[PDB]
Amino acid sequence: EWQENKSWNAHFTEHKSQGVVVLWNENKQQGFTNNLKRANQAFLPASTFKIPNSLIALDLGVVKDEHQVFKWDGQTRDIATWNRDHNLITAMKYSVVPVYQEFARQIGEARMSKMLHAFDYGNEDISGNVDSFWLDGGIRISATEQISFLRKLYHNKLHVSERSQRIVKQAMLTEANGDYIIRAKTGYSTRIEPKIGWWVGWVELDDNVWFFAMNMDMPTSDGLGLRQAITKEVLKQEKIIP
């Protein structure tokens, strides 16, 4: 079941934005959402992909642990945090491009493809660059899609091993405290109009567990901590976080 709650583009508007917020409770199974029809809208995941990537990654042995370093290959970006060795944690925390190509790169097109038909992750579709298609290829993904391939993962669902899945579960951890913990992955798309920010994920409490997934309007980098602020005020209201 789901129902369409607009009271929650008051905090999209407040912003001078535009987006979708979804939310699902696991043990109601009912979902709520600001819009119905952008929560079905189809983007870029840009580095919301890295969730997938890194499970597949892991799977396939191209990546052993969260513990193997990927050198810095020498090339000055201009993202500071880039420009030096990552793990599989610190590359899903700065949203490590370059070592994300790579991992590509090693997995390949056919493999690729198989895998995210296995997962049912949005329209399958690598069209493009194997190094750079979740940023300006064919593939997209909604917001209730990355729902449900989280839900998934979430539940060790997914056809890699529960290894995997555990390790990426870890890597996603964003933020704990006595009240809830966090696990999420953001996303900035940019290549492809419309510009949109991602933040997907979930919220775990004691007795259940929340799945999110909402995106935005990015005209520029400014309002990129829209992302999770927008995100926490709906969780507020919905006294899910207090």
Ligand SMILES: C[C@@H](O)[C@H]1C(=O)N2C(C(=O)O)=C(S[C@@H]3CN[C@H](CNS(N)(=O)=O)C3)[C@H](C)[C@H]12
Second form
Protein chains: 2
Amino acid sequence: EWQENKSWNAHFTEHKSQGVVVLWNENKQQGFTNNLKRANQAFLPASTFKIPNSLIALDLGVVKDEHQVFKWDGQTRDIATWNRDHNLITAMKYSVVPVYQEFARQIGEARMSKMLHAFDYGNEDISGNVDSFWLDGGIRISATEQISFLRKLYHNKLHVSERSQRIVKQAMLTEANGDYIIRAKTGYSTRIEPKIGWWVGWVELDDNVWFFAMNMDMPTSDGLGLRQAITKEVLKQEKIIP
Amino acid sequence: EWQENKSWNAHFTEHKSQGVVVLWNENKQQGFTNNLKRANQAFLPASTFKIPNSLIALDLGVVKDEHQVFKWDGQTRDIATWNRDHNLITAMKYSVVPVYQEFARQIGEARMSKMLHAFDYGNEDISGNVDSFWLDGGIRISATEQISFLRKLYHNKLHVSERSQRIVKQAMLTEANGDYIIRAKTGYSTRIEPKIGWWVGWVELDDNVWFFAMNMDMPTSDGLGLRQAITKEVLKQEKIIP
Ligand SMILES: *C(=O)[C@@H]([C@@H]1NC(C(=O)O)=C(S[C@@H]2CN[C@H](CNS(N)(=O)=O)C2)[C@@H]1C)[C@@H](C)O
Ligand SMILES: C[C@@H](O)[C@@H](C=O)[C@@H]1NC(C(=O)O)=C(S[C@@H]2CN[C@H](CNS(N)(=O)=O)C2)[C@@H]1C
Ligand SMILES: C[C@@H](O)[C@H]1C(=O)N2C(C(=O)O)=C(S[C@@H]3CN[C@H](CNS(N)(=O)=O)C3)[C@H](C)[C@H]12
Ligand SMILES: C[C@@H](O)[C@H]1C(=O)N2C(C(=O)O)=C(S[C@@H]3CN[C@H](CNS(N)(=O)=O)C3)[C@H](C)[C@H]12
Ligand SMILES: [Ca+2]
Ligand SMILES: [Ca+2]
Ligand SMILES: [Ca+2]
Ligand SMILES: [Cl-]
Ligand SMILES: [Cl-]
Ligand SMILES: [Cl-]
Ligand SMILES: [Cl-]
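Please give the corresponding structure for the form solved in complex with the ligand, as opposed to the form deposited without the ligand shown earlier.
Below is the whole assembly, all chains and molecules, this chain first.
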């Protein structure tokens, strides 16, 4: 079903961290985690919500394609990379929240709810402000539920156009070399306790796909680099990446 | 305009090589090369023809998607890479000429010809064997012509479905990190003199795209790695990648 390999807890232990890593072997239809309980604990998605938000925007024509330019609104915000024009690729890369809050308002409460239900996304609850519910509203998703959603996206099985799903998977591209391709999205939920960081996505190999979703306790912005580092220690331990 | 930059030749001579690198700044609509004459010299495309071949195969339904398996059909025909199953992703990556021979036979010469004329691909000539003309037939393409073709592909402007162009560009993924994305294709022309190696594609930045096409004399297979090496040194020299 889902095997618990607690030897992964060493990688959180060394870095003085608490969290969960979940892997899914698509060929073998087998899942692995260091913590079955935390694997199914549901949290705010934070910026991991940029994946379904992007899909819905594209499917509804709110975003025409990955080249459409979203003008900086002229408000100088805290993250310098947000203070400029963006397309879908760079808004995903730099996790540009204002662009996605605009997407959400144009999508609207009713279409957003209907799509999240169509997606079976987390708890399907978008209570709160239409442009912030994934930050401080009622939506919740677990690491295992992220995998479930991502597997559909990978197979083009979500109830949106194939084109939307291909564009979003292009925009998720994070790293690629001769050994693997990673498509993924980070998140950091701070507006409601507990403060946690996310990394969800998958690793594409020649012959298989390994889906992953991790989250960890993140009191300060210090440990944000550990989201990718710990996941990759796990991947390396299992010899998924060289 | 086309600017000549002879200073790039230092990267060929230090490797006891001769060749041409062509770069195109999409934003500026400006091209750069070390050798204007060789930049326009037309050669057999060899494995770089996998780009138009895959596009046509997908557009015509010869290949259903990037997951369809092409089974090994017994033959252990010397090359080990061709001793296993493939899909479009892996067949682009590795030398598996029987798979692309099968595409071309199914496409057939009438539609192959029509498509290469619609692509304005090289000298638009498919004379020779329908299952090998890109290796030993009459088709020829120059580095500048590779750029013209790739630019259309990047803009989804070729006269095939948008979906087929998106899939081939996925299959072209070679390298990606926080600084750049490279989509590209190698080639090695040996069946007709002169023996040459190819590397064609583009570099996606946050705010621009740099297309490239290089070829270089390749008297033996031991210099194949110099295709990527020399191209990347020219990109680094120009500060396109760090
Ligand atoms: C297509 O041009 C040709 C393929 N393509 C290539 C190529 O390198 O572009 C080759 S090279 C052959 C297979 N891999 C060996 C080299 N390994 S490496 N890591 O690149 O040094 C030798 C092959 C000839 C088809 C049409 O034959
Ligand atoms: C709620 C939203 O504000 C939040 C929700 O995800 C946003 N999404 C993400 C994310 O994690 O993708 C970030 S990260 C941000 C960029 N610069 C700092 C990081 N420096 S480092 N090098 O990592 O220490 C913090 C935002 C805070
Ligand atoms: C070199 C290419 O061929 C790669 C590819 O593709 N490979 C697969 C795969 O197919 O998954 C793996 S993963 C690795 C093998 N098995 C271990 C755990 N398996 S297990 N019992 O935990 O499920 C991890 C390799 C990277 C190999
Ligand atoms: C930091 C990111 O935003 C990157 C991006 O995007 N950038 C562009 C671009 O926009 O091309 C470049 S390239 C570099 C600047 N100019 C030189 C050649 N100029 S020139 N006149 O010879 O063509 C090479 C940077 C990598 C920067
Ligand atoms: Ca449901
Ligand atoms: Ca050099
Ligand atoms: Ca033949
Ligand atoms: Cl967001
Ligand atoms: Cl499903
Ligand atoms: Cl070929
Ligand atoms: Cl991609």
